[PDB]
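Based on these hints, arrange chains U, X and P with the ligands on the given structure of chain A.
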Amino acid sequence: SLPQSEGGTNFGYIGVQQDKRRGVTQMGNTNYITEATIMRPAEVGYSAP
Amino acid sequence: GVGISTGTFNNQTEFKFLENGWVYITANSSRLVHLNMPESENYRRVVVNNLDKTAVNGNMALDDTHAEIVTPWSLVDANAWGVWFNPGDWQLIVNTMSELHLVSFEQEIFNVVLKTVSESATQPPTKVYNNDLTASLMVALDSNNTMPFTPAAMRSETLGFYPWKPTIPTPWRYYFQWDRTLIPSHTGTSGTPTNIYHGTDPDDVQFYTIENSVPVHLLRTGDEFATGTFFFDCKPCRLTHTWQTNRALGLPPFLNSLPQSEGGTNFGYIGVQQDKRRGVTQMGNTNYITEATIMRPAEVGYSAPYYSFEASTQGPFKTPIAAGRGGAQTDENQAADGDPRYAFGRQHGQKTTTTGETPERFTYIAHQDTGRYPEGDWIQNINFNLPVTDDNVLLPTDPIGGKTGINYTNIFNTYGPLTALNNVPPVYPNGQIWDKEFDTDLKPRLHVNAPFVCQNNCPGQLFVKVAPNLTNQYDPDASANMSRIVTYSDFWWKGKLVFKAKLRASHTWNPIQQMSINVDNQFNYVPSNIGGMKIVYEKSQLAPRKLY
Amino acid sequence: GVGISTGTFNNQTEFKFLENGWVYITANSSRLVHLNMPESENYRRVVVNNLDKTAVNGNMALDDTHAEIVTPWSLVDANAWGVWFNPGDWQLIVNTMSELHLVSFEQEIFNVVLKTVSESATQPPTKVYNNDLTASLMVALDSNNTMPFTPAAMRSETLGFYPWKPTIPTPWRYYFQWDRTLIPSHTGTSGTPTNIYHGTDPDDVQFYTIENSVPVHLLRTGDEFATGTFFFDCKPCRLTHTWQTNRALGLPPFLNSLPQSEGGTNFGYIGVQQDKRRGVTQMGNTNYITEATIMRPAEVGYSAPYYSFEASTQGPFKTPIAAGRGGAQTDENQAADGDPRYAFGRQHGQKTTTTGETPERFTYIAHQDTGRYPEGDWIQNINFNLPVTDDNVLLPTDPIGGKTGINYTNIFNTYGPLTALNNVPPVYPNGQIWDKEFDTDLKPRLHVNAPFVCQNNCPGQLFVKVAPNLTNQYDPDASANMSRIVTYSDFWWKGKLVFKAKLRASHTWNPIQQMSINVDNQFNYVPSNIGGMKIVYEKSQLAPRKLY
Amino acid sequence: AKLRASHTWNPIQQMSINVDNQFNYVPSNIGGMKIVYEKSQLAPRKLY
Ligand SMILES: [Mg+2]
Ligand SMILES: [Mg+2]
Numbered sequence: 463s464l465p466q467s468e469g470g471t472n473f474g475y476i477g478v479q480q481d482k483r484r485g486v487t488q489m490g491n492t493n494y495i496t497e498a499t500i501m502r503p504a505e506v507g508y509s510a511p
Numbered sequence: 008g009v010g011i012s013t014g015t016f017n018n019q020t021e022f023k024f025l026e027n028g029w030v031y032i033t034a035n036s037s038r039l040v041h042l043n044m045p046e047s048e049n050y051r052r053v054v055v056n057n058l059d060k061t062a063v064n065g066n067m068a069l070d071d072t073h074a075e076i077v078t079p080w081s082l083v084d085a086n087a088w089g090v091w092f093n094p095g096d097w098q099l100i101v102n103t104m105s106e107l108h109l110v111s112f113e114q115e116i117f118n119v120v121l122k123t124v125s126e127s128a129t130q131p132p133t134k135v136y137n138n139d140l141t142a143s144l145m146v147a148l149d150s151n152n153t154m155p156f157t158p159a160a161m162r163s164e165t166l167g168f169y170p171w172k173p174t175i176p177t178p179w180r181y182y183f184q185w186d187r188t189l190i191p192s193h194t195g196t197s198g199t200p201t202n203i204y205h206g207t208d209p210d211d212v213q214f215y216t217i218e219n220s221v222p223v224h225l226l227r228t229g230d231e232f233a234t235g236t237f238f239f240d241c242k243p244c245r246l247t248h249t250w251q252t253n254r255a256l257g258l259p260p261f262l263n264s265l266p267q268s269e270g271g272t273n274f275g276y277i278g279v280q281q282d283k284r285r286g287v288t289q290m291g292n293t294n295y296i297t298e299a300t301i302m303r304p305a306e307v308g309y310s311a312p313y314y315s316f317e318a319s320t321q322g323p324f325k326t327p328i329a330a331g332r333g334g335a336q337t338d339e340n341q342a343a344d345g346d347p348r349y350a351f352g353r354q355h356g357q358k359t360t361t362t363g364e365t366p367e368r369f370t371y372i373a374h375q376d377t378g379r380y381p382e383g384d385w386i387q388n389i390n391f392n393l394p395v396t397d398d399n400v401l402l403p404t405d406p407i408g409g410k411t412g413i414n415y416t417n418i419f420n421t422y423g424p425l426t427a428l429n430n431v432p433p434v435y436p437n438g439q440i441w442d443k444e445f446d447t448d449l450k451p452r453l454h455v456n457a458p459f460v461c462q463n464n465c466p467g468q469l470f471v472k473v474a475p476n477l478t479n480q481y482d483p484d485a486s487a488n489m490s491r492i493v494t495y496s497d498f499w500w501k502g503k504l505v506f507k508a509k510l511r512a513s514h515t516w517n518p519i520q521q522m523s524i525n526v527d528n529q530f531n532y533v534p535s536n537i538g539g540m541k542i543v544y545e546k547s548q549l550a551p552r553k554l555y
Numbered sequence: 008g009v010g011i012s013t014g015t016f017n018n019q020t021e022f023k024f025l026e027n028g029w030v031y032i033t034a035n036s037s038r039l040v041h042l043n044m045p046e047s048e049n050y051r052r053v054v055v056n057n058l059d060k061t062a063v064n065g066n067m068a069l070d071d072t073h074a075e076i077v078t079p080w081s082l083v084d085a086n087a088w089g090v091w092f093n094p095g096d097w098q099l100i101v102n103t104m105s106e107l108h109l110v111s112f113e114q115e116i117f118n119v120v121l122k123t124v125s126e127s128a129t130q131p132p133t134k135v136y137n138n139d140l141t142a143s144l145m146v147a148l149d150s151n152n153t154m155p156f157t158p159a160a161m162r163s164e165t166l167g168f169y170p171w172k173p174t175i176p177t178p179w180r181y182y183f184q185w186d187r188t189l190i191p192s193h194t195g196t197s198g199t200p201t202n203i204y205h206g207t208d209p210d211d212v213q214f215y216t217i218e219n220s221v222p223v224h225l226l227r228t229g230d231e232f233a234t235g236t237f238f239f240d241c242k243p244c245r246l247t248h249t250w251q252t253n254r255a256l257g258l259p260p261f262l263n264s265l266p267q268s269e270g271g272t273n274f275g276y277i278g279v280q281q282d283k284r285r286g287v288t289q290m291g292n293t294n295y296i297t298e299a300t301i302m303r304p305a306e307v308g309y310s311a312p313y314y315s316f317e318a319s320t321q322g323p324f325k326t327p328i329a330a331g332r333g334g335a336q337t338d339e340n341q342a343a344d345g346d347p348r349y350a351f352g353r354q355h356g357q358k359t360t361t362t363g364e365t366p367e368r369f370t371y372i373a374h375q376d377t378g379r380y381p382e383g384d385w386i387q388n389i390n391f392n393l394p395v396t397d398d399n400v401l402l403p404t405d406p407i408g409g410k411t412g413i414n415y416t417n418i419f420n421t422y423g424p425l426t427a428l429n430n431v432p433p434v435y436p437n438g439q440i441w442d443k444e445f446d447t448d449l450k451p452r453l454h455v456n457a458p459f460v461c462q463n464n465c466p467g468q469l470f471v472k473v474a475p476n477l478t479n480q481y482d483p484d485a486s487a488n489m490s491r492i493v494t495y496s497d498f499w500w501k502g503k504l505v506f507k508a509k510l511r512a513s514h515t516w517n518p519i520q521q522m523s524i525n526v527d528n529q530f531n532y533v534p535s536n537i538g539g540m541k542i543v544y545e546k547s548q549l550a551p552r553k554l555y
Numbered sequence: 078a079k080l081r082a083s084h085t086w087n088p089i090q091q092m093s094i095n096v097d098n099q100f101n102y103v104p105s106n107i108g109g110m111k112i113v114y115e116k117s118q119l120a121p122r123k124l125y
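Residue numbers (our numbering), protein chains in the order written: chain A, 463 to 511; chain U, 8 to 555; chain X, 8 to 555; chain P, 78 to 125.
Same shape as in the complex, but just chain A:
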């Protein structure tokens, strides 16, 4: 779902239920595939004390 007017809240939508999407995650439990869940090849940066 792509927007059909310009503007600041005219968002686009992925358009598939979060638990029925196709793709790869490192979460053996859920079928949730979201931008925060989705696998990435590695990790950029690191957290330190």
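Source of the hints: derived by calculation from the structure; they are not laboratory data. Yeah, the Cβ is synthetic: ideal placement off N, Cα and C, and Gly gets one too. Certain hints may be false.
Claimed, not checked - No farther apart than 20 Å at their CA atoms in a straight line, the calculated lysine to any residue pairs in the SDA-like style are these:
1) U/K134 / X/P131
2) X/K507 / P/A82
3) X/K503 / X/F239
4) X/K23 / U/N152
5) X/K501 / U/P483
6) P/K79 / X/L25
Claimed, not checked - What the simulated footprint calls covered on chain U by chain X, stretch by stretch (three residues with Cβ under 8 Å from a Cβ of chain X suffice, anywhere in the stretch; the number is not a length):
7) 41–52
8) 220–232
9) 472–478
10) 500–513
Frame of chain A; chains U, X and P with the ligands shown alone:
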């Protein structure tokens, strides 16, 4: 010209054996590819923002907020094992060979066809499809890797895995920069935790176009496009799993008392008091030397945070894990080992007769025992006065920060200069094959999506696009609709991926793990009463290795 | 032949660096071009005459009266900076390089397609477009420059500035001679001041046709046409602006008293009586030696009449102005300095989503401070008895010829043998790039529409036209007009423009003017939620130079 | 060092002056003067 084919279909897989047991695996792959004209001939910056779900509190992990450039170009990605091998092939490779090198990759596009739909013609009223001979298909190969690398395997959007079933590319799209804050919360946190999309850091803006970076070729029916042959350079990938954890490295303790009848409780006994034993440990206090105490040369595998999420500039994201598997008999922390989970549809494995929007799934648990079972972790006090007091030990049962469902292992990390690791195993068939390396000054010791990483140069991405087939009325000065004849293309794609592998040898008295069928199992490898069919995930590192 | 492409899309911009910092900028450009058959296959002499607006009295400046030859040919003009560089390109050029030479220019036409409409088939009833394989596209290249020069940049009618957005040529037309008198007037003026179009000086009649002057190529689908490589010869265009006006040329006067605390009104003082000072002036009378008085080697810039209109054979026209900019902070008299003003549409910069026929506009105010601020002008009497009497000075306040709104600066002209000038700065993206030189025995020292002027010979203009696709009923002897099959063509255009530039170098302690983004501004360079998009005015001569 | 090249449609961050800023780079009424910290990695790259 028109009536003259420009290529040959070949989905044949060749194994050429050489001397010193080197094999030369030539995987050929061919597909018919279908492509429609773009939704619009324009580039778009679109923002997705599900406050809809994130504002709920405790639904942070459901964040989909991002920005994206939607291009009128489509991507031909064949970067997945299933494009190149059928199961029988994978059987052969996996049971019989000890390592695997990635050598070369070439591909071409041929027998291009373009048809225009149009139209309402005629009798209740029907549609009819004609050839536009003079029409063109746009092809562009980003051989310089000018453009964002987007492996389609991650979204299970590669080419189809079946040679006799046609397939499609995917609309190309790439990340555009966005700032973003999303503050964590639980069901209880109320008030409204800040959950905002700030915009775009101008210092980070990069808008790419195919047109300005890559030479574009127009292919009519009689035209053909072929790439060079690209030669890879990466490490070898091994087809053997290691089974030893720290507890099985080196010289086991001599048993002074050996069993003297067969049976299931007829144990052997070390036969020396645990505090009167000889050996080396890193425990300066006690004179206890036991199998969990005894020194080992280094550490196999590592402990990592789970399910850890970290956040930078563009929002929160999961912390990735390398190892696995680590748990005993059929019990694993599929998160502490970060065992990857693949969701895919019909084109890539699901039963092709299955109706419904729900994807097929599985969780790959590697054979290589290098992970952790944090349930078994613990931490004692310096004094090692044992049996240990509750106050002198920290268990994976004791809550941390006063949360019932959180313990120390969730934040734990034992990566260190003594850490040993293997690379990820190939995940057949939905796995990625190779992946480009990060252009960072210091690089990851591996990637978790693919075993082959190109430090050199990687094959450029291949993009296709139906050329604008205009009608007679076109006014560019007009804001109004791009007026185009409905046009689409069929073209064939052939690729050649070459490996160089090495045959295994029997080093033990006992036999080993290998694929087969099986009275179970047997029905995942044949079609059905109707036109089948299914492709099943199936491991890769079946034979044991030997760490130490 | 039919199904075989005859060219390659390339809109790629290559920057190839050589020794001693000479760079070899090869700007490639490609567009898909759309073209309909002529409105009639005939040449027409049409006259325009707006007595409706000129007879108004006080409306002399609104004259549009002229004569014109309308040709069945269309013009493919690529003469505009926006055709060749995107902002990213332009940024590089302007910020890092000091001058710019024009080297070579070639173009070709390929993958021609001709389609016939016709239409009517069937039910509600809709229209349908088929390929005419045997149909031809006429292409003619006027390499001898036989025909009137019509740079389209002046009417914002060049090719599109977006690679992925198709475009069109513009209908060709040229000026045909006409005599014309129009007497100026104001609102108060009685009677009807004479306002007539007398007709056409037979001694000055020139009727040109493509057919009789230029070789014409017929291109069917499989044909292609390429021009040679044209090599320019011109002066360099500089990418640095000069900041010095007369008031800052040479040795500043010695300060005998320097301030001794920081601050905003802690000025320094020369410390010598203005009439007891040493130096050279061009004032034979006084012994006053001041900064506005002290001699300078010559004069930077010149004063010009504004808004001056002059009239010849064919009517009135504005007197054009060279220099600019001349005023201080944020106030510049955009007419005394003749700052140019650009109007353009969607294809060339205006937001492509904007509906309505109102064009986007801007006024280019150059960085090079070489203009005038006539409010600051004045003229003293020979005697220089000052403070000056009202009788001895002529101000830009004192009315001339008894008009409240007119002063001497409106007719003033200080061009002279001591005048120093720069050439016009490039106007990205709507500015013209190169321009033909007048075939007058004596030539202008510059042009205001473009920085590069071919005194050699300029590239020929390129003309296209759909060939007459006749129906079976055709009678040339017949007065009724030609019934032709409705035909149109899509063809691809590729051009290559090569520059040779030189890298600048830092010679000052301070940094300098350079383009960037910017939390403002940042959004003129990316598409939108829908298909974008916009190209914005962006200067050209950013880094300072030095006159003297 | 090595010269950069434009890879995007958009322009990018780069140093300049600036109606602000402009007075940190010239001396003063007296003998100036000041030198100001100023970053270094202005142009975008691309990780992946
Ligand atoms: Mg095991
Ligand atoms: Mg200035």
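Okay, the hints, checked on the actual structure:
Annotation: proposed proximity of U/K134 to X/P131 holds, straight-line Cα distance about 14 Å (limit 20 Å). For the suggested pair X/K507 and P/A82, the alpha carbons sit about 16 Å apart, so the restraint of at most 20 Å is met. The straight-line distance between the Cα atoms of X/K503 and X/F239 is roughly 13 Å, inside the 20 Å bound, and the hint therefore holds. For the given pair, X/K23 sits about 19 Å from U/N152 by alpha-carbon distance, which is consistent with the 20 Å threshold.
As the CA atoms of X/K501 and U/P483 are separated by approximately 19 Å, the hinted pair is consistent with the 20 Å bound. The suggested pairing of P/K79 with X/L25 holds, with an alpha-carbon distance near 13 Å, which does not exceed 20 Å. Counting residues of the segment 41–52 of chain U whose C-beta sits closer than 8 Å to any C-beta of chain X gives 6, which meets the bar of three, so the coverage hint holds. Only when three residues or more bring their CB closer than 8 Å to a CB of chain X does the claim for the segment 220–232 of chain U stand; here the count is 11, and the claim holds.
Residues of the segment 472–478 of chain U with a Cβ under 8 Å from some Cβ of chain X number 5, which satisfies the need for three, so the listed coverage holds. Note: the segment 500–513 of chain U has 0 residues with beta-carbon separation from chain X under 8 Å; the three-residue rule is not met and the coverage is violated.
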